[PDB]
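*Asks:* Listed here are the chains, written in short residue letters.
2 protein chains.
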Amino acid sequence: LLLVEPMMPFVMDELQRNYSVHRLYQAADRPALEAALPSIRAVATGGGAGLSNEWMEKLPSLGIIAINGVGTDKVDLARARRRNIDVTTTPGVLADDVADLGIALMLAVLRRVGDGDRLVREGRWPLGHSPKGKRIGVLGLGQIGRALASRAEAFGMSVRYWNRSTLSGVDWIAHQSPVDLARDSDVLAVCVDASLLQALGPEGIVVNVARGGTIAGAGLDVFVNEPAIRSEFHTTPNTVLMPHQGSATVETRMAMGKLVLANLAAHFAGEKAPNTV
Amino acid sequence: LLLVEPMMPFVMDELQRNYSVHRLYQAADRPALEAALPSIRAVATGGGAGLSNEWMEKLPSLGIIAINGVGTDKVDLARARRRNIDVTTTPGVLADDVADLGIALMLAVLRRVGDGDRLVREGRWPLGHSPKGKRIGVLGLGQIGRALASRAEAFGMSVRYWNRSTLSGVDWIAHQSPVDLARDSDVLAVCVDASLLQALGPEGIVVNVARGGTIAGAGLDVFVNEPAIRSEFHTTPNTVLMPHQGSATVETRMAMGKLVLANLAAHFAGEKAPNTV
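Listed in order, the protein sequences are those of chains A and A'. A prime marks a further copy of an entry chain.
Numbered per the entry's author numbering, the first sequence spans residues 10 to 134, 141 to 207, 218 to 237, 252 to 316.
Numbered per the entry's author numbering, the second sequence spans residues 10 to 134, 141 to 207, 218 to 237, 252 to 316.
For the record, the hints were derived by calculation from the structure and aren't laboratory data.
Don't be surprised by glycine CBs; every beta carbon is placed ideally from N, CA and C.
One or more hints might be untrue.
As the list claims (entries may be wrong) - Mimicking EDC-like on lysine to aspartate or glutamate, the simulated pairs with C-alpha atoms at most 16 Å apart in a straight line are:
1) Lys297(A) with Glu271(A)
2) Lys147(A') with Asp124(A')
3) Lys83(A) with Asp38(A)
4) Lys149(A') with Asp199(A')
5) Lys147(A) with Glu63(A')
6) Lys297(A') with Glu23(A')
7) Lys149(A) with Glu290(A')
8) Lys147(A') with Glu131(A)
9) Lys149(A') with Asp85(A)
10) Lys149(A') with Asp124(A')
Unchecked claim - Which stretches of chain A does chain A' cover? Using the computed rule of at least three CB atoms under 8 Å from a CB of chain A', they are:
11) 114-121
12) 277-290
As the list claims (entries may be wrong) - What follows is a set of in silico ranges between Cβ atoms, one per label pair, in the way DEER data are often shown:
13) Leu222(A) with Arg90(A'): 36 to 42 Å
14) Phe307(A) with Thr253(A'): 28 to 34 Å
15) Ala189(A') with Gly101(A): 31 to 37 Å
16) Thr253(A') with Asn264(A): 39 to 45 Å
17) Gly80(A') with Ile254(A): 34 to 40 Å
18) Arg269(A') with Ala189(A): 48 to 54 Å
19) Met21(A) with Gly80(A'): 38 to 44 Å
20) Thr181(A') with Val289(A): 44 to 50 Å
21) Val79(A) with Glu228(A'): 46 to 52 Å
22) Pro100(A') with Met21(A): 40 to 46 Å
23) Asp218(A) with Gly171(A'): 40 to 46 Å
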């Protein structure tokens with residue numbers, strides 16, 4: 010198969026067992042890759058790389074593109090369909106961990122875990144804030160959104176959210192719009218402005234986990264244009280940053296690999312891949 | 010009154026209102042302090058400073074020593090009692106926040122929040144671990160211990176503890192001894218060895234919140264001999280450190296100050312202070 014990207018060593022080993030694997034990225038198998046083109050039926054890739062139309066046209070036998078991830082911007086979905094190729098993903102596997110990091114970053118800002126850690130490390134050794148009884152506003156109550164809210168309930172936080180729709184079974188309150196949400200939040204969780222930022226007040230904080252002195256802090260794991268990131272952040276204050284590590288756990292990556300394996304053996308088994316999109 | 014230590018500006022203001030306050034630590038009121046000695050009935054202090062016997066003997070009218078804290082090693086309890094002095098504390102106020110930091114440090118090690126934050130800040134931009148389905152062993156299931164366990168349940172963790180006694184109402188399992196606990200834990204929470222450390226294995230981690252390559256990490260907020268702390272820590276790996284910030288929140292310190300105020304006005308009101316110990 011065509012392995013467009015490296016995945017985990019042990020997702021690799023699961024491949025080199027069932028499959029003769031040609032890695033697009035390794036020079037040491039460019040020849041045998043070229044050879045194999047007509048007898049290549051499977052591509053394993055990630056959301057970031059996808060599979061260009063050029064490469065697709067190079068693979069006449071290709072029947073499946075298995076995406077280690079849920080991103081589809083890097084592959085032409087309908088085009089594969091017209092070539093009768095199955096394009097799969099790995100749904101419902103990463104939200105919890107993304108929600109863990111969101112909470113971790115939150116405690117990190119709340120409790121000065123960055124500023125506090127360096128000051129000991131920088132042999133330099141300010142009161143923090145408790146989450147208890149504070150309004151957590153959640154922007155986008157999806158999978159990641161719900162996970163993060165319940166986790167936030169354990170800290171004595173009251174949940175409010177923006178919405179898209181209202182959720183049954185919980186006592187969380189829904190706000191009409193994002194600014195409504197901000198004016199009623201002590202910590203804003205972005206799980207999908219200046220004026221929004223301004224409505225959070227000087228005690229409030231923002232926590233990013235999705236895409237890229253008037254506020255008291257921010258914990259950001261995702262930024263616009265990455266990783267050539269603003270620069271001021273590393274300088275800013277009351278800021279905890281992450282190299283987009285939302286889903287970066289062994290467990291999640293292992294859960295995602297197994298899914299990728301599952302759609303593979305399925306297709307080679309004459310079946311329609313279960314995670315076809 | 011005798012204010013042995015600084016407390017929060019607004020605990021201060023609550024004092025300078027009801028009380029003529031002489032700060033032992035400020036030179037600018039050493040005279041008026043000396044004067045006041047015989048007409049001083051109240052000391053406000055913290056666990057670290059207490060009130061030496063020498064000073065106690067200097068204060069003939071003293072009827073109350075209000076401790077902003079629960080530490081009593083820095084004051085002779087029975088001696089005050091024999092002088093009929095009421096020594097109060099501020100119980101049941103800080104456990105939750107100490108448990109918050111314990112969890113925060115945990116996520117911090119689990120999810121490489123230190124190593125991850127600097128690498129972005131150090132413009133340098141390793142898979143982490145999820146807590147879900149991992150055994151959290153709790154060493155000392157007291158107030159802080161219980162708070163921390165429930166918070167850990169929200170992350171999909173299974174609670175085990177060492178014990179002192181068994182807790183009704185929950186499905187947490189009790190282990191006979193500390194080493195038994197270690198051999199059955201993925202994260203060890205110290206809330207009260219080499220062999221214990223060794224029983225945690227190479228994936229396990231230790232999180233300190235109480236007193237001072253064979254393990255995968257550690258988050259320490261309290262160390263032996265502080266703050267002249269080992270030094271190797273700042274060098275060690277997979278380590279998040281805190282300048283003993285267990286209780287360092289505004290809310291907790293505010294909750295503690297109010298208690299201290301309460302025992303004060305009580306005693307001057309001819310009553311027996313409520314937090315007398």
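*Asks:* For every hint, state whether the structure bears it out.
*Replies:* Verification of the supplied hints:
At roughly 39 Å between alpha-carbon atoms, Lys297(A) and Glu271(A) are farther apart than 16 Å, so this suggested pair is violated. Distance hint between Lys147(A') and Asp124(A') is unfulfilled; the C-alpha atoms sit about 21 Å from each other, more than 16 Å. Simply put, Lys83(A) and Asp38(A) have alpha-carbon atoms about 23 Å apart, too far for the 16 Å limit, and the pair is violated. The hinted pair formed by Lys149(A') and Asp199(A') meets the criterion: a straight-line CA distance of about 10 Å does not exceed 16 Å.
Pair hint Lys147(A) plus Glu63(A') does not hold up; C-alpha atoms about 41 Å apart against a cutoff of 16 Å. Simply put, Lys297(A') and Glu23(A') have alpha-carbon atoms about 9 Å apart, close enough for the 16 Å limit, and the pair holds. For the given pair, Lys149(A) sits about 11 Å from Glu290(A') by alpha-carbon distance, which is consistent with the 16 Å threshold. Taking the CA atoms of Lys147(A') and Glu131(A), the gap is near 33 Å; set against the 16 Å cutoff, the hint is violated.
For the hint linking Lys149(A') to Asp85(A), the alpha-carbon distance of about 39 Å lies beyond 16 Å, and the restraint is violated. Annotation: proposed proximity of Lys149(A') to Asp124(A') is violated, straight-line Cα distance about 22 Å (limit 16 Å). As drawn, the region 114-121 of chain A meets chain A' at 6 residues by the rule of a beta-carbon pair under 8 Å; at three or more, the given contact holds. For the region 277-290 of chain A, the assignment as covered by chain A' holds, since 9 residues bring a beta-carbon within under 8 Å of that chain's beta-carbons and 3 suffice.
At about 55 Å, the CB distance of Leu222(A) to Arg90(A') disagrees with the hint of 36 to 42 Å. Evaluation of the 28 to 34 Å hint for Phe307(A) and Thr253(A') yields a failure: the beta carbon distance comes to about 43 Å. Checked against the hint of 31 to 37 Å, the pair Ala189(A') and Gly101(A) passes, with Cβ atoms roughly 35 Å apart. Under the hint 39 to 45 Å, the C-beta atoms of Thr253(A') and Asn264(A), about 41 Å apart, fit the expected range.
In this structure the supplied range 34 to 40 Å holds for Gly80(A') paired with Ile254(A), their Cβ-Cβ distance being about 36 Å. Roughly 50 Å separates the CB atoms of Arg269(A') and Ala189(A), a value that falls within the hinted 48 to 54 Å. The hinted window of 38 to 44 Å between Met21(A) and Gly80(A') is violated, with their beta carbons roughly 55 Å apart. The given range of 44 to 50 Å is broken by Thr181(A') and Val289(A), whose C-beta atoms sit roughly 34 Å from each other.
Between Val79(A) and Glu228(A') the C-beta distance comes to about 28 Å, which lies outside the given range of 46 to 52 Å. Between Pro100(A') and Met21(A) the Cβ separation comes to about 56 Å, which falls outside the hinted range of 40 to 46 Å. The hinted range of 40 to 46 Å is not satisfied by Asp218(A) and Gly171(A'), whose Cβ atoms lie roughly 34 Å apart.
Of the numbered hints given earlier, the model fails hints 1, 2, 3, 5, 8, 9, 10, 13, 14, 19, 20, 21, 22 and 23; all others are met.
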